[PDB]
Amino acid sequence: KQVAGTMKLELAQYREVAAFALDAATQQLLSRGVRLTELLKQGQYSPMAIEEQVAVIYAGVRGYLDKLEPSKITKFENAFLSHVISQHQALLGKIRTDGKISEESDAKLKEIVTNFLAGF
Amino acid sequence: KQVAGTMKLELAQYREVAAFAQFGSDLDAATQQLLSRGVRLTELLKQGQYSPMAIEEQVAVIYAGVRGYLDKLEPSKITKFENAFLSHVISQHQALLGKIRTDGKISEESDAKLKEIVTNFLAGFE
Amino acid sequence: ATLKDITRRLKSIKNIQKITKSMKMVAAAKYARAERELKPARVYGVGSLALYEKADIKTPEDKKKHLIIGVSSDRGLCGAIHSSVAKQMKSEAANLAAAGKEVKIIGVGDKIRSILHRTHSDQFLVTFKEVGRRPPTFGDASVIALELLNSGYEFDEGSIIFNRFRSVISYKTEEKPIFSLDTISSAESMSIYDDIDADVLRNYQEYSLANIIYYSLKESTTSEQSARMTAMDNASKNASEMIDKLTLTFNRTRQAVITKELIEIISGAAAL
Amino acid sequence: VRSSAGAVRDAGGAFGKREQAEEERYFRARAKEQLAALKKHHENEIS
Amino acid sequence: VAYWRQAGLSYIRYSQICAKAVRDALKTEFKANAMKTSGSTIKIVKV
Amino acid sequence: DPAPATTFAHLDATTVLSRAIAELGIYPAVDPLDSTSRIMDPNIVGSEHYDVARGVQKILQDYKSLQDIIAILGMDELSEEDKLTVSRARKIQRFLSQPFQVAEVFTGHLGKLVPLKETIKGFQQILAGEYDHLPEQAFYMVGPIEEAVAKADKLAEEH
Amino acid sequence: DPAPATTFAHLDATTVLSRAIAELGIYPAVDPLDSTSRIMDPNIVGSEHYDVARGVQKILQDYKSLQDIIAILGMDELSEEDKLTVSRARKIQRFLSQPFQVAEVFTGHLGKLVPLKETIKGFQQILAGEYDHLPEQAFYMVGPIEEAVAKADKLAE
Amino acid sequence: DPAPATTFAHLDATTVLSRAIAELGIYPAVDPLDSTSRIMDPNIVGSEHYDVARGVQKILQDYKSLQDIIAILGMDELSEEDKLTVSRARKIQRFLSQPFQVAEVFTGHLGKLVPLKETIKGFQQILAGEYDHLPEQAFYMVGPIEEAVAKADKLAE
Amino acid sequence: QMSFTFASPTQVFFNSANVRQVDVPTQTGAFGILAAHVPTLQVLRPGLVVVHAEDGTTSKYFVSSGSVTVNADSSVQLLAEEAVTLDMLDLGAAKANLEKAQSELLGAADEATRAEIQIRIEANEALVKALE
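If you're matching them up, the sequences are chains C, A, G, J, I, D, F, E and H in order.
Quick note on numbering: the first sequence equals residues 384 to 404, 410 to 508 in PDB author numbering.
Residue numbering for the second sequence follows PDB author numbering, starting at 384 and increasing by one per position.
Residue numbering for the third sequence follows PDB author numbering, starting at 1 and increasing by one per position.
Residue numbering for the fourth sequence follows PDB author numbering, starting at 8 and increasing by one per position.
Residue numbering for the fifth sequence follows PDB author numbering, starting at 1 and increasing by one per position.
Residue numbering for the sixth sequence follows PDB author numbering, starting at 323 and increasing by one per position.
Residue numbering for the seventh sequence follows PDB author numbering, starting at 323 and increasing by one per position.
Residue numbering for the eighth sequence follows PDB author numbering, starting at 323 and increasing by one per position.
Residue numbering for the ninth sequence follows PDB author numbering, starting at 15 and increasing by one per position.
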């Protein structure tokens with residue numbers, strides 16, 4: 384609920400100014421919209437746990453992926469999970485059990501994403 | 384008949400160049416005049432509700448409209464002119480209206496009287 | 001599609017055709033005015049160029065600093081005007097930088113800037129917009145020349161690319177060399193001209209720069225308006241063909257819908 | 008069969024979305040400019 | 001070297017000033033036509 | 323359709339909610355040009371209310387007429403007066419949106435009840451030009467006009 | 323229609339032949355966007371085959387989206403990325419055309435078979451932009467892509 | 323629609339009165355170009371009649387095309403082999419109008435029943451250019467061509 | 015013989031004409047051009063041009079600025095920036111402008127501003143002198 388709300392607003396704004404393709413503000417708006425769009429894609433018969441979806445969508449919507457190219461986003465997505473699914477099982481268990489991104493959980497998520505982005 | 388023939392002709396001319404209305408400027412003088420006259424005439428044909436008009440009133444208003452005596456007024460003001468002007472003739476000049484009504488036509492003397500009335504009222508409106 | 005899809009599409013295309021006809025008429029009026037104004041400007045600019053073709057000047061072969069100016073406009077819908085101008089501009093810039101030069105670019109009109117903002121994005125000395133809304137004057141050329149001289153990129157050679165207006169249907173892209181006083185002074189031909197210090201000559205160079213900019217502006221606006229008229233004519237013609245096809249489809253669909261509803265009623269009536 | 012005003016955006020084809028975006032980008036820019044001016048006026052009128 | 005060139009100006013500005021000084025002293029009717037075919041409308045975008 | 327078409331004749335007031343306006347996010351999606359009322363006469367509501375309503379409807383219809391041109395030219399090529407019509411029309415389009423007390427779950431905002439005089443004042447001012455400097459988004463989902471001013475102030479401060 | 327619409331649910335692979343495409347001269351007139359298949363799965367065809375097929379479909383869909391504007395406003399009111407998309411999409415449309423042996427009598431051409439690897443490689447090359455200097459009519463009715471290159475060279479003469 | 327689609331199968335000709343021509347004061351307001359006939363065939367109406375009709379149709383189409391140029395680029399833009407066609411087409415339009423015997427209370431003239439040979443000769447002469455020196459209004463609402471000559475004499479003298 | 019060409023940006027007076035004498039005011043002191051004047055290229059100054067037609071007929075146009083090029087083959091290109099015949103000008107207006115410019119002169123925010131202002135004085139003085 385916390386994360387998808389901001390994602391919904393960002394895609395709603397993006398869809399208005401999408402039919403074309410200047411200024412920094414709207415250029416970054418389009419960038420964020422496209423990043424989220426390529427984030428939402430998925431494969432077949434590989435549903436993701438809700439906490440993993442939250443992690444991916446959080447990384448995408450907190451302006452982290454805005455540096456990456458869009459054609460590469462899928463890579464990140466996949467890779468990111470295969471990292472978090474092994475090293476940071478504890479954080480995902482925390483998010484599932486407590487069912488919210490607490491302040492400490494948010495700070496962790498922040499440091500994990502910041503570290504992973506540079507190392508990739 | 385006399386006034387409506389000209390009104391209908393001018394409106395027909397205006398309907399085939401109404402597309403340019405948004406542009407308007409950056410076009411010849413003839414189409415400028417057509418647009419102006421058409422807008423004035425359409426603002427003339429506007430009417431209230433449950434406020435019909437006797438034929439003499441209608442002919443007076445359309446006669447004022449179609450002879451250019453409103454080409455100076457701004458369109459937003461026409462619906463006011465039409466109003467105030469009408470009251471004027473309906474109060475000060477009843478003999479001319481009665482002449483037009485009973486006679487049924489606009490005699491040359493009545494045409495001159497309408498010319499003078501329209502010019503005198505328009506000569507001081509604001 | 002269904003009948004409502006076809007109806008909405010047909011209405012939209014009819015509106016588009018109306019708008020393109022009106023835009024053709026406006027463009028034609030502006031073209032007539034711009035051609036009328038172009039005659040005197042044609043003679044004036046040709047006279048201002050007179051000198052450089054009367055006393056032939058060969059640009060120095062030991063300098064690297066060059067300027068490319070590209071006259072166009074802000075308005076679109078004018079066909080291959082901005083495209084041709086920017087294409088030749090990048091051709092010249094590539095040739096110069098391959099021969100070893102330090103090229104800059106001045107863009108009179110957004111569309112040139114936009115076409116060249118992906119490549120050559122850093123060579124923009126300065127770009128001007130607000131072109132095309134009203135016919136260009138000598139004020140605009142003076143402003144462009146003034147903001148060129150003030151921006152202290154003392155160039156060693158120049159070129160201006162504009163769309164010379166040939167006929168109502170055709171235009172050509174030109175390149176007119178612009179020289180700096182460093183070249184005019186160091187020319188044997190200029191030895192003859194009398195009372196030619198390096199200050200009157202500098203003022204003359206500034207004025208000739210303004211003159212060539214003005215000439216290019218007038219030619220470019222004339223050709224742009226002609227091209228917009230032609231483009232709007234073609235767009236209206238295409239909208240008319242599409243309207244004909246869609247009207248045929250709409251009639252077929254309307255008849256089919258009538259028949260379908262009627263057959264449904266008949267089947268229900270006979271199935272009691 | 009006729010045509011009516013505001014039909015290009017009723018179809019919702021390609022011209023409809025193109026027009027919607029052409030409008031939205033322009034008014035986003037103008038909103039940004041007006042917001043900057045509003046902030047400047049705020050600061051200049053604080054005193 | 002004119003005085004204005006000692007101030008670092010350029011002959012284009014000199015011509016602008018002289019044009020203003022000559023176009024402001026026309027018969028009142030001529031000023032309406034003189035407003036046309038004069039006066040820039042161009043903008044400059046800082047790069 | 324025969325059912326709604328027939329139902330139209332049995333009602334005094336109608337408020338034709340429109341999907342083309344709900345897609346834009348204007349909620350309630352009441353179509354201002356396809357809605358009518360019987361009492362909507364100058365002798366029942368008043369001349370100020372009637373004139374404000376008719377001005378709003380006229381400006382929206384003019385906006386619809388302009389949208390066809392903007393699809394070919396672009397906003398950059400409109401007469402500096404037409405851009406004013408478009409700006410007023412968009413401000414009025416947004417200002418008709420309102421947050422309900424029952425739609426808290428969706429929008430998350432808070433419900434507002436706007437007294438009639440405040441609505442008339444808001445639209446009369448928006449038409450008169452007393453707000454042609456505030457951005458459009460300031461008017462989106464707010465009660466009276468002063469709330470739009472406050473929202474614009476907040477937008478500018480966090481600019 | 324009820325008959326084809328009902329048949330669609332009884333098939334693994336479809337191949338919607340289209341009259342619009344056949345009027346352009348493309349043959350077989352297969353509509354690349356209506357045609358589908360159950361085995362178009364990266365776990366069955368591969369990752370190069372799947373990626374190439376999806377890239378071709380994406381570019382063709384972008385071209386279809388542009389077509390309505392291209393038809394009226396003309397191909398001049400297009401950004402450079404859009405012009406590149408139009409050119410690539412037309413090259414791909416022509417390249418999907420092939421000369422069958424059973425049509426040797428119709429047209430006098432020579433029938434061609436195109437092994438799967440050659441098809442995938444040719445479309446990879448067209449997609450990457452390796453052949454943006456060729457004329458689009460160099461792909462019209464050819465076997466593998468190298469035949470398209472030979473055709474372009476002959477066109478140069 | 324099935325009604326006109328079925329009636330048009332039987333028609334052996336067509337006349338198209340147009341509001342756009344009664345405006346010009348031409349009467350009968352028969353659209354010269356939209357009117358059609360099955361027997362407009364050199365084997366039926368004769369080679370001379372067919373050639374005159376085809377020439378008149380071609381010149382009227384030429385004038386229709388030129389009218390766009392006049393409306394846009396202005397009358398000056400014409401050549402001298404096009405201003406001549408404009409003049410000839412205007413004269414032909416005037417000559418195609420006629421005064422009816424049943425409309426003498428609408429035109430003030432006296433109705434004419436022009437035989438066929440008179441019509442063919444009149445239009446042959448106008449097309450040939452034999453009457454390029456006359457004024458256009460000398461052809462308006464007259465019977466045979468000789469009436470146009472007499473009208474020119476009466477209005478010029 | 016001369017190939018005169020006197021053309022404002024907006025309107026053109028003489029095109030490839032053949033005149034007799036042309037008295038023009040340039041930055042380096044006014045002077046006159048005849049059939050075979052030595053080639054020059056000067057920059058005009060706010061003055062007036064007197065053209066003597068192929069005979070003894072003379073016409074005066076007030077020029078605000080421009081450039082005069084005298085080429086080897088007796089072709090004169092005299093391009094002004096605002097050449098208006100004298101009859102189109104006003105007298106007292108020039109004096110009013112001159113006096114207002116002088117008044118602003120003392121308000122010299124800096125050197126360049128004064129240069130601008132008393133360029134305006136220069137032009138107005140030329141105007142009054144032409145009309146006086």
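Derived by calculation from the structure, the hints in this document are not laboratory data.
Hints are not guaranteed to be accurate.
[As the list claims (entries may be wrong)] Counterexamples of contact, computed for chain C against chain J with all Cβ distances above 10 Å:
1) 401
2) 410
3) 411
4) 414
5) 424
6) 450
7) 452
8) 471
9) 482
10) 498
[What the hints assert, rightly or not] Derived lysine to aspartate or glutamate pairs resembling EDC-like cross-links, with alpha carbons at most 16 Å apart:
11) 380/F with 403/F
12) 36/I with 409/A
13) 24/J with 480/D
14) 39/J with 480/D
Think of the CB as a built atom: it goes at the ideal place given N, C-alpha and C, for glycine as much as any other residue.
Against the structure, the hints come out as follows:
1. 401: Residue 401/C not clear of chain J: closest Cβ-Cβ about 7 Å, inside 10 Å.
2. 410: Non-interface label on residue 410/C violated, nearest chain J Cβ at 8 Å vs cutoff 10 Å.
3. 411: Nearest chain J Cβ is 6 Å from residue 411/C, so the label is violated.
4. 414: violated, 6 Å
5. 424: Nearest chain J Cβ is 18 Å from residue 424/C, so the label holds.
6. 450: holds, 23 Å
7. 452: holds, 24 Å
8. 471: holds, 37 Å
9. 482: Label holds. Min Cβ-Cβ 39 Å, cutoff 10 Å.
10. 498: Fine: 29 Å to the nearest Cβ keeps residue 498/C off the interface.
11. 380/F with 403/F: holds, 14 Å
12. 36/I with 409/A: With Cα atoms ~15 Å apart, residue 36/I and residue 409/A stay inside 16 Å; holds.
13. 24/J with 480/D: Distance of about 31 Å is beyond 16 Å: violated.
14. 39/J with 480/D: holds, 12 Å
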